[PDB]
Amino acid sequence: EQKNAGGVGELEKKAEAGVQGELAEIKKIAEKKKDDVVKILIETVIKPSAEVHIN
Amino acid sequence: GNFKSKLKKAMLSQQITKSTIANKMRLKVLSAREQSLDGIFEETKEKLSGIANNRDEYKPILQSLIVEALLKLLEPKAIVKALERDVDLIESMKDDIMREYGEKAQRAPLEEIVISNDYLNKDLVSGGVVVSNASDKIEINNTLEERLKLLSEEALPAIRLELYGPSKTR
Amino acid sequence: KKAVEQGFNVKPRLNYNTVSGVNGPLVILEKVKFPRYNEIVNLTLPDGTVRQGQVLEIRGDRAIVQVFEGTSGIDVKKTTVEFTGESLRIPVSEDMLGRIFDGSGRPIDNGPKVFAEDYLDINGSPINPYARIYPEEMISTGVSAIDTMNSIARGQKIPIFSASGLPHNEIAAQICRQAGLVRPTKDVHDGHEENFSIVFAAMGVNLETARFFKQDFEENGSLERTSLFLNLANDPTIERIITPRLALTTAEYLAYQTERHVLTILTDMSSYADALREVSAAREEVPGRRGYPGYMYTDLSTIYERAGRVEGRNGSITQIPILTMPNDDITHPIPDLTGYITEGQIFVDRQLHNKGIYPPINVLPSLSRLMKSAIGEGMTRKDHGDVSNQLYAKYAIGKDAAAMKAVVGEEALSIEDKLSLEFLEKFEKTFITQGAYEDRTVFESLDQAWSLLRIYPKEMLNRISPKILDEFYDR
Amino acid sequence: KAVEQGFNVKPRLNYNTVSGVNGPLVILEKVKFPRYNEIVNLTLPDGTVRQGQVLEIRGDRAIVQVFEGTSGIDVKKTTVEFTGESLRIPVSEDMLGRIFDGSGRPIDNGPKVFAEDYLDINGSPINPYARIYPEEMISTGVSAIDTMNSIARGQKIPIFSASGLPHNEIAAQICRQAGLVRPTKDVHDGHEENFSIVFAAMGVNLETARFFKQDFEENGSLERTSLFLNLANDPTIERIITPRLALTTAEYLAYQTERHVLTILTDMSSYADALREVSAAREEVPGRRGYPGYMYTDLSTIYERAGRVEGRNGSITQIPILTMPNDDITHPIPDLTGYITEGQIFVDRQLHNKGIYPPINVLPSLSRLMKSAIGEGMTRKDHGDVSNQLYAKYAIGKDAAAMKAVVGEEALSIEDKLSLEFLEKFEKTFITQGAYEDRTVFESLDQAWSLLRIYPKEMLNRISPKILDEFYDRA
Amino acid sequence: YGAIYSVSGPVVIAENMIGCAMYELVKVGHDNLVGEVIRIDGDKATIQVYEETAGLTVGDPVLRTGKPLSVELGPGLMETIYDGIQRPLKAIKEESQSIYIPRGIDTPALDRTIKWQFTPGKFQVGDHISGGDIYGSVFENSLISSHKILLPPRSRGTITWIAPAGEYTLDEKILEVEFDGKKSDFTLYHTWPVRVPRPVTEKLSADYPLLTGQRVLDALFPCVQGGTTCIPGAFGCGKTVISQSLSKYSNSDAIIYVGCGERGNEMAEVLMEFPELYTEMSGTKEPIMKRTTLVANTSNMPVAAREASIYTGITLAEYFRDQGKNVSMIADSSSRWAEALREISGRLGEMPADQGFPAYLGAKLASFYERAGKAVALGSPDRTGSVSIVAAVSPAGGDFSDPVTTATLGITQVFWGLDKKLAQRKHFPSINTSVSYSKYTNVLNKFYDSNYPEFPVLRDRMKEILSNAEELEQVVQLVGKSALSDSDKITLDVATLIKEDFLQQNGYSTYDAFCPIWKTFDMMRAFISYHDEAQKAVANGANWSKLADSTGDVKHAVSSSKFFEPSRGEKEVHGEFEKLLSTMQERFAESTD
Amino acid sequence: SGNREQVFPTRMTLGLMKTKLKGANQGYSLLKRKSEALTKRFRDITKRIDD
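Residue numbers (the numbering used here), protein chains in the order written: chain A, 5 to 59; chain B, 0 to 169; chain C, 26 to 500; chain D, 26 to 500; chain E, -3 to 589; chain F, 521 to 571.
Warning: the hint list may mix true and false statements.
Unchecked claim - Distance ranges between label pairs, derived from CB positions:
#  : chain 1 : residue 1 : chain 2 : residue 2 : range
1  : E       : 127       : B       : 76        : 46 to 52 Å
2  : E       : 566       : C       : 499       : 21 to 27 Å
3  : E       : 572       : D       : 149       : 57 to 63 Å
4  : E       : 561       : C       : 380       : 34 to 40 Å
5  : E       : 565       : D       : 401       : 55 to 61 Å
6  : D       : 402       : E       : 137       : 43 to 49 Å
7  : D       : 212       : E       : 92        : 39 to 45 Å
8  : D       : 189       : E       : 545       : 54 to 60 Å
9  : B       : 76        : E       : 11        : 57 to 63 Å
10 : A       : 27        : C       : 380       : 16 to 22 Å
11 : B       : 76        : E       : 347       : 52 to 58 Å
12 : F       : 564       : D       : 440       : 46 to 52 Å
To be clear, the hints were calculated from the coordinates, so they are not data collected in a lab. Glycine residues also receive a C-beta, built at the ideal position from the N, C-alpha and C atoms.
Using the sequences plus the hints, can you model the full thing?
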């Protein structure tokens, strides 16, 4: 039981390492594409479409 | 034998701890991936409010919003609800809206449109107009905040594709 | 290329403070523009409480909204309802594995909303009859009662019939924690690109039992392969109807787009049928047999046929719906239609449960209609089918000999019946009896079945071919 | 007494505006402020006057169920006069010894009841915080009832019977022999020894009404009974109010004059049929096989107005009689009766065909408040255990007879043969009783002990050892 | 503001009633009749009324109160009797002096004249306080001493003024909280809608058994504190004895008896038995009524009150659970509640399911049952209460084919089904040991492992013996006991002994009126020792026909073990059971040779 | 057609009927095989009587 409890810190360290590894890529992608995404969303919101749903 | 059962229970507890650590890592990775979307949406909303703050740029946008509301509220009398601000903006383009609704719908021009005195909430609505029917009984909430809120959830898969490539054969 | 750029288009979703009245779990709107059949709404109570609902009926300017979690406190002067774009769609993604979801698809763990790859329609589509193939592999559930006998093919729709008080939930949890392909065992740990996933759906599940599912799958490696769904009894019941639809949509996406082997487990189909009854009676609809709606056959067909292997795509869907017999009767509509639609069934027996044996699978009335395809030489092991047949025959002989015990006496039985009583005792005590956390691989299960079938001399093993006896009896 | 407010003339308004008539009810339009349950006097063009309650109001439209039938009703000349209040029976202590029509009109050449007060035929609910349990057993003299299903003063208990069975004879016998096992009056002096019977006859043969009248005359109970006879030839929906008239006059006597009323309802099946006729003419939603869906509440209203109330020295012992249409408890009439009543006496057709009188089957019969009316200081301390043992032995006798029908007699145990012997002697001597016998509960208990002494002490397991070794060897 | 339009049954349609929400209760007519809205159609609001409707006409005004059907929660709830909508019947008698309840009487649901002693809690002026926070305690009874006064769950704000220690009636301001500048006065009580469950910080998994005392229930089919339960409810000792035992010995800090559809005589029986029952909390006989509040809906009461009776009861139970009290709630004749729902549906004309019952019956019973459970109280300091529903269904000719039991089986966790054959043989309690079940048997493993470790395996063995003997009796009724072996005869007679001396409880004698858990466990191990000792003895050459005669003394001893008086204390009676076990083992060893 | 037990028809009676029918079927099988064993022993005994 003590040996099982010995790896609690090691498992937490591995989980934190994996979380940080994923978060690095996530933050990098977000920083790289945030301006483009915001521009696309602003263009979509500011430009409406006029149509009649009868046809 | 009892101690072997206890050791099996201890191994199960160790596996439980490992599984909990793995689940926490996966949840943290998902949280890190999905955190930035809310900030992006908030920045987009602030940018939309700033864009609507400029009357010269907002005038065509506001006119187009009222028109796209009208073409789906196909009635010859309707009421428009706007902010305390720029009510004279809608006032000055009344005939323009009437005629362009008439020619886009291939119908007669709007016979009567009136700005409702029940002005919108300036703190909540950052531009736009909630056009309602003549009886104030059919509402069309076409506001700068409402459109952004509607599009934020809709554009999620496209945003994901922009942020990262695919991983499966569609 | 990914033609998902249409998601940037924004559509005007309207808000209506025009509720004419409230009638049960339904609210009715008079003025809604350009009616189409089904949509999704998010209506707000006068006190600001946001509530969700669906659309039921459509005619000329006719719209009726069936609000989730009831319509308490809804008035006609302050409540407003927001009409979303179209019908319910689940945000689905490859990294959905390892996530726990509510019946509405909103995750209930501490993680965020799933980062969608695409929004998938919940109903599905009709698979072309010109593009179907047979299930031709085996899914090892780790339960020797289901592996050696009642083997589940890779694509087979096989239910688990149980009663109200029996531990069908525990068997479902064990299957989900232990399910996997036989191939990694057969391929000497060389095959790993054939990824395996599980979609677990809980319907009408009790709060304690839902907590048990969540805690158990969290505390094991099952979650990493599992996309999990819960629906509590006090939760809205149309959410209970949505839950299997969400589970099968996720499973279909995974298997037929990511080329994964997905095992789908649906828990308490009886609660789903009760929810069907409630929603069908919500509209002015005449009840059918035993009160259930007359189209329950079609709905269960739609749920169940979202399974099997398909042409082209390398994935598969294996479905194990679990239902409770309301009165321990086959003739009840739910088990009757489930048997009429699925392939075979697995029986969890009340008396076998009372006798203290777990997992209490009753072998005699349970068959797997597609067991032949799961059996083979490269598939599982060579002796599998013959051992299964011999075990079934010996168990039946032991059972009716035990029945005769009280009519003719022990001494009046033949050596067949003596060996059969011994075999039945050892069988129901060691082979069927399996620890809730014990994972017998299929070859281990076959070895146990051989060590237990070695009671009889080779002459008495009639159901097994001599070619197999000369190979496996002597070890 | 503040009844001086009766000196108030309220001019009734007459409606010559009948809109339509169908079945037992008439519809009149253009009614000025109709009251829901107010009765109306409508005069035919012939000139006769008939009464009728208002079933329901709708704007200026009133629906009236004319009690004396719709024969002769027209539209041109029929005028309806609207009495401002609902039905009220003129009630007084002098109506004892008088015979009344189903509408309460006298049919003994006597005058109208010189009313001391007018009572609505519906009554008022009783505060539960002011109720008292009917502890006092009444000795009906019938051994089939006293020993097994003892009735306490203030109990509702029907005589479940059928066509051609002597339910009338059993009711007359109970009326003749009604009396407390331990009367408060010392040697029948100083207190009301004799019950004051209120007998309502509805949808009943002239022969049965004549039999009841003659039996009350012979026993002398006529001078202290009021008969509300609604014969078969009498109007059909006049049976709606006759149990209400009888129960209101019974409530007057028991709760206002402090008498002990033994209310007998001759045929509740006819009342249920009249209710069904009215409901069918009303196009209401049926509840079961054409019966109204509110029949539970109607039967609750009729039956619940019985028992003892706090602060009053009187009580109502209600013994309605109803004929099961097909000898079955499962019919809506007896089913809805038993759901609200506190017991029943089952007159069994098979028992009657065997010549046994009274043909009371004890297995379906029950007295839900017998438990606290017998024992120490009331009846004898062995009564409860003796009744339990007799019921168990009779049930075992029926089971053994069924088995003997199925398998041979030799397959039956010694217990079963003793059960058949006990059942035969039981039905032939203990249940069987002359119509004029009036055996006391102590004689019945002694006979029951003589019956039980067929079995040895060991197999009277359902009675306490104290009672067994105290009473078994008395002989 | 309102006007009646047309009335049929206890359902009233009122016009000019715009703006009224669903389930809002209104005042109908000049007598201010209490009535709840159930359907809205423009201004026409369909109101159901909780009393009589005969002889009415259009025109009576209707005033809307703006509140749902709420219940007054606070000091004075305990030891009182209420109707379906919480009208104090004792106060009704004191204010009316009649055998009839006044029409539309609006006496306060909770006594205002009595002034209680208030001890201010931890919170002071300026402290932020949220819903459910205990800002003071009140001495109500000797059994409910320190009745926690807690802020209403929906309220929140900062304290601007708190009353000092003293005596305050219901009508006295106790606490002033400020939220967004809106100061709101809080008295010693608060209202709360009966439909909405009281919020909970976290629903804990139930972990402690609700000891009922009946040996079959506490042994084979256990019920935990906070768990749900379905009881046969039929005539006999199945329901009344269970209710009395849960009242007197279940170690619940309070009980909320609610009855709907019971006959007036049964209500009268309940209303006087309870005040004369006592409990020994610690060397003191205290009335159960001090730990009891009762809802007394009857059959004469209208359908709306019948429907709302158990909702009021469960809201009271939730309120007392919010103070940390372990509350047991008995809903006798829940099938009558379902019948009230059916009658309301028929009045509304909505299409039902099954045969006649509304389809949402399953959903509503699921919600009502799931309002129970071990829970962490909403406010601070952290507490842990638990409401245990013990609901009684009633057969209507059918045993389990009725929709109410069919839904309950899937909803509830503990089921105690009636055995009709046992009742036909006057065997009490008359529950069925084949169809009844308790899913907490696995949860209670941790409780058993700490006090009675052998309890689960012994219960499993007892169930196995009963099932095996049941199937053997089924196969022997048509054959005869001639061919059965010694093991079969042992199984049959051991199960007969179990049925006649362990499962059977009269419930009235001084012994085994409440069989404690330790006495139940001791007799379980005694009976199992008898069974397996006989089985081992006949595993040798001992003919069991001779063995039964030679060990009749031991059979009588194990049978009469049920006659031990539990009042003697666990120590000496456990010593007696150990002596019995040793005597049994040595006697069987002697008789084997 | 055939015969009936003249019992009033209800679904409770239907349940009693199916349980009685399955009991009758299991008894048929049980006594049929018991008679098979008894006739085997009886043929043994009768040839024993013959010789």
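Here is how each hint holds up against the structure:
no.: 1; hint: 127/E <-> 76/B: 46 to 52 Å; verdict: 48 Å, holds
no.: 2; hint: 566/E <-> 499/C: 21 to 27 Å; verdict: 59 Å, violated
no.: 3; hint: 572/E <-> 149/D: 57 to 63 Å; verdict: 58 Å, holds
no.: 4; hint: 561/E <-> 380/C: 34 to 40 Å; verdict: 35 Å, holds
no.: 5; hint: 565/E <-> 401/D: 55 to 61 Å; verdict: 31 Å, violated
no.: 6; hint: 402/D <-> 137/E: 43 to 49 Å; verdict: 35 Å, violated
no.: 7; hint: 212/D <-> 92/E: 39 to 45 Å; verdict: 41 Å, holds
no.: 8; hint: 189/D <-> 545/E: 54 to 60 Å; verdict: 55 Å, holds
no.: 9; hint: 76/B <-> 11/E: 57 to 63 Å; verdict: 30 Å, violated
no.: 10; hint: 27/A <-> 380/C: 16 to 22 Å; verdict: 53 Å, violated
no.: 11; hint: 76/B <-> 347/E: 52 to 58 Å; verdict: 41 Å, violated
no.: 12; hint: 564/F <-> 440/D: 46 to 52 Å; verdict: 36 Å, violated
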